[PDB]
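Asks: Input sequences plus hints: build the corresponding full structure.
There are 4 protein chains.
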Amino acid sequence: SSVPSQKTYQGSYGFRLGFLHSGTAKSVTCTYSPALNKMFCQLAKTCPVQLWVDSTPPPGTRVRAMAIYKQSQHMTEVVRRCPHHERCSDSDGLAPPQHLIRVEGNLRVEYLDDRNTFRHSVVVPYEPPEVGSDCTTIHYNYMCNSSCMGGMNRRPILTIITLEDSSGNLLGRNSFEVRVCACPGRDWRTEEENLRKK
Amino acid sequence: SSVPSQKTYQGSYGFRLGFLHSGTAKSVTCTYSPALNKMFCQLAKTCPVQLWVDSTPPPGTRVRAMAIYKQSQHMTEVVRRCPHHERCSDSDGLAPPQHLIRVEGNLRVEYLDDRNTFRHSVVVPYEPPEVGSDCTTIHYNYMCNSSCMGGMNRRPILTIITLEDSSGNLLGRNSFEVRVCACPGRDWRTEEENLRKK
Amino acid sequence: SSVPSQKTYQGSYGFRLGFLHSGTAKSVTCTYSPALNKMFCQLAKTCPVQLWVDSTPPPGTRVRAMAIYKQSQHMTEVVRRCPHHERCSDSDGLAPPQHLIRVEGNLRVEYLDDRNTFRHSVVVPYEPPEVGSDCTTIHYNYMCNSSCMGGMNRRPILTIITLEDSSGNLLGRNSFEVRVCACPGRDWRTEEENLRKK
Amino acid sequence: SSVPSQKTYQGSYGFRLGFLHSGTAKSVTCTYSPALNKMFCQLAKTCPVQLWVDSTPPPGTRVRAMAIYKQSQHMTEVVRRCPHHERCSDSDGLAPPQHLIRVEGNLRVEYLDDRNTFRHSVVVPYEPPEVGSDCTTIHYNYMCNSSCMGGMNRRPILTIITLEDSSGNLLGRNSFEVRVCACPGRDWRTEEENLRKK
DNA sequence: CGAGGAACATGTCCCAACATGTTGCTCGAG
DNA sequence: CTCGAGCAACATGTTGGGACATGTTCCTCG
Ligand SMILES: [As]
Ligand SMILES: [As]
Ligand SMILES: [As]
Ligand SMILES: [As]
Ligand SMILES: [Zn+2]
Ligand SMILES: [Zn+2]
Ligand SMILES: [Zn+2]
Ligand SMILES: [Zn+2]
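Residue numbers (my numbering), protein chains in the order written: chain A, 22 to 219; chain B, 22 to 219; chain C, 22 to 219; chain D, 22 to 219.
Quick caveat, the hints were computed from the structure, so don't treat them as lab data.
Among the hints, erroneous ones may be present.
Pairs involving identical chains hold if they fit within one copy or between any two copies, as the list cannot separate such chains.
[Claimed, not checked] BS3-like cross-link-like pairs, simulated, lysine-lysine; straight-line CA separation at most 25 Å: (1) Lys47 - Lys91; (2) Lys66 - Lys91; (3) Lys47 - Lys218; (4) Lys28 - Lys218; (5) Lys219 - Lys66.
Replies: Okay, here's the thing in structure tokens:
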């Protein structure tokens with residue numbers, strides 16, 4: 022009631038998410054772990070998420086992205102950037118400095134603040150795949166480390182991506198855990214390799 | 022001269038309770054012992070209780086939660102927080118500081134005080150399971166240790182969850198014993214392991 | 022918030038403190054450890070402190086007793102009783118319920134609350150030793166355990182006894198650490214025996 | 022482009038600094054390394070510095086304390102608390118939240134902010150040693166870790182203590198390096214033991 | 001150069017140990 | 001036949017510090 026749904030819902034347009042499978046290096050900047058359904062992303066580093074749909078949705082549909090804290094203790098608290106990072110000037114003009122999740126290189130972006138929950142989100146209108154493509158990509162990037170004292174303060178978060186009509190109705194939903202850190206490469210291996218033993 | 026009924030009553034909507042109980046660690050924060058029908062919960066730690074129903078109940082139905090002391094000597098006394106804990110500021114805004122049981126992350130919550138019995142309770146309107154889910158979860162948390170001098174003072178309590186219509190009528194009821202303590206992990210094992218011998 | 026001096030000062034009247042050396046039992050209620058200069062006292066149990074003086078001081082001299090927290094972190098905070106204990110009715114009429122240190126069986130006692138510091142103290146006029154005695158005794162007792170959640174909260178305290186003239190001047194000062202606990206006997210041995218090793 | 026002098030100057034009153042030599046434990050909160058002339062202090066932990074003087078200075082003399090960054094690159098920058106720590110409410114009323122160095126339990130304290138340099142300091146009037154004592158102690162505590170992102174940001178600092186007359190003149194000066202950290206014990210040993218090898 | 005990957009620096013966490021109040025269990029009295 | 005005083009045993013919250021977590025620096029090498 023106070024905490025956005027995290028439930029996967031492919032909807033009637035077959036809304037699914039994809040990620041660029043890389044990892045053949047060690048000095049990696051952004052990577053995805055299908056086992057953990059978790060993305061390992063460096064701070065303020067562009068990372069493509071791609072949208073897949075069986076059918077094309079009607080014009081006026083938008084995709085919003087919103088972080089929530091994963092653990093139940095913290096769910097209720099709003100995910101914002103840390104005092105340090107909001108005050109240091111790194112904006113791209115458009116993005117309010119307090120917002121964690123911004124969208125790179127999309128002029129029709131809007132940064133929003135729900136009047137009831139107070140959560141931040143970032144919405145962009147849906148575009149269908151370009152000709153000769155199977156998916157639309159959004160380039161998000163996250164503007165704090167997970168360990169930022171005063172912000173996420175070492176707590177893991179989820180990123181929920183919804184597909185919504187003009188009127189704000191839900192057409193589909195997906196989610197994935199995110200860890201923003203200095204060494205995605207290292208943190209990637211450690212977590213997957215810790216999983217094998219257990 | 023009135024203690025609420027503690028009797029299990031699944032009612033005509035098949036009201037039952039479920040718990041995660043996942044554990045598998047030692048540093049556990051919340052766990053459930055089916056053998057003891059008891060929950061072991063840390064102080065102010067979110068712990069999911071989930072509601073199961075054969076049929077969906079009519080709109081306007083609400084679920085209330087209320088603590089009573091388990092032992093017969095004490096049943097009659099009202100379960101409230103200790104002097105220390107009511108006066109220390111830890112409220113979430115909504116929850117009156119004297120109330121033991123609060124509900125995390127539900128905006129339509131109400132904290133009540135029965136004009137006849139004087140017992141506290143916390144009610145939230147019933148929501149059916151989200152699509153592709155079998156149960157509705159509530160996230161309670163308990164705001165004093167069981168051993169709190171001046172409150173429960175080392176006396177065990179029960180938590181009674183009822184399902185009620187708008188008008189206050191009973192549609193179903195369940196209950197489980199609760200121990201709020203610093204070390205749920207330890208206290209869990211001890212009690213189960215003490216049970217085997219006897 | 023400035024802190025009363027803790028400095029020993031025997032002054033020009035040779036103000037010293039004495040205690041009844043007992044300990045030949047295990048079920049002890051009040052005992053003194055010269056090594057630690059610490060008293061081990063049960064809650065609300067009368068314990069004699071005795072005053073020794075080389076010279077007799079002028080009429081109108083008073084002795085006040087005041088607790089402060091020992092550690093430097095906490096010195097600044099005023100020592101009061103816990104929420105449980107102030108609200109439970111155990112007063113002897115004279116003693117305000119918030120005051121930690123009271124004096125047994127002295128009708129001319131006064132309980133003071135400094136309008137600037139807010140510290141409590143308990144003053145009684147000085148009487149010289151009775152004929153054929155070498156010291157005057159005061160019977161203090163402490164109205165909370167050291168471990169009282171919401172009060173001293175496991176922090177050790179000092180008790181400062183000053184000898185003051187009518188005009189408020191300092192004539193002498195002494196101090197001793199106090200631990201109020203359920204088992205003085207046990208807590209006595211443990212601390213002395215732990216001192217040897219270190 | 023004006024950095025306060027760091028030069029030791031014992032002056033005509035023989036102004037020197039002393040520290041409580043402890044360290045017989047591992048879980049240490051505040052310690053001093055004579056070799057390094059450095060103090061290892063936990064965050065917001067009271068730590069005594071003591072003033073020694075051959076002769077007593079005239080009434081109206083004050084002692085001020087001021088942090089500056091040690092390295093030459095950074096000297097020029099003002100030492101303040103981090104964005105997280107200034108905004109979190111932990112004040113004792115008197116201390117402005119941005120000030121790094123505060124003084125515990127002295128009511129005549131003043132927090133100063135130089136209209137030209139913008140440096141912070143904390144001044145308290147000098148008191149001579151209490152009777153039967155060889156030094157006056159001040160209880161400082163530092164309100165950020167050395168590693169605080171957005172504040173000192175892992176850069177070491179110096180603490181300069183001056184002895185000044187009413188009129189603002191210099192009567193004496195001393196200094197010592199400070200590291201505020203979570204584990205003073207560990208960080209103490211590491212640095213002394215690293216010194217041997219080099 | 002700097003890209004890469006150690007090693008380093010630095011704050012947290014886990015849980016056995018410890019601390020501390022309470023409830024048995026035992027055995028010599030009124 | 002009990003009954004209570006005094007310890008052992010238990011109950012329960014807190015601590016201590018080695019192992020982790022996590023960002024930053026710093027040598028090695030195409
Ligand atoms: As990414
Ligand atoms: As729970
Ligand atoms: As005593
Ligand atoms: As210190
Ligand atoms: Zn940040
Ligand atoms: Zn409580
Ligand atoms: Zn108390
Ligand atoms: Zn800081």
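Asks: Should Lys28 paired with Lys218 be assigned to within, between, both, or neither, using CA atoms and 25 Å as the limit?
Replies: neither (28 Å within a copy, 44 Å between copies)
Asks: How do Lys66 and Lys91 come out at 25 Å by Cα distance, when the copy is not named: within, between, both, or neither?
Replies: Cα proximity of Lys66 and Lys91: in one copy and across copies (22 Å, 14 Å).
Asks: Between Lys47 and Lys91, at a C-alpha cutoff of 25 Å, which is it: within one copy, between copies, both, or neither?
Replies: between (27 Å within a copy, 21 Å between copies)
Asks: For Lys47 vs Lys218, is the C-alpha pair at or below 25 Å within one copy, between two copies, both, or neither?
Replies: both (22 Å within a copy, 16 Å between copies)
Asks: With identical chains, the pair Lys219 and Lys66 could be close in the same copy or across copies; at 25 Å between alpha carbons, which is it: within, between, both, or neither?
Replies: Classified as between: cross-chain Cα gap 24 Å, same-chain 31 Å, threshold 25 Å.
Checked against the numbered hints given earlier, this structure breaks only hint 4.
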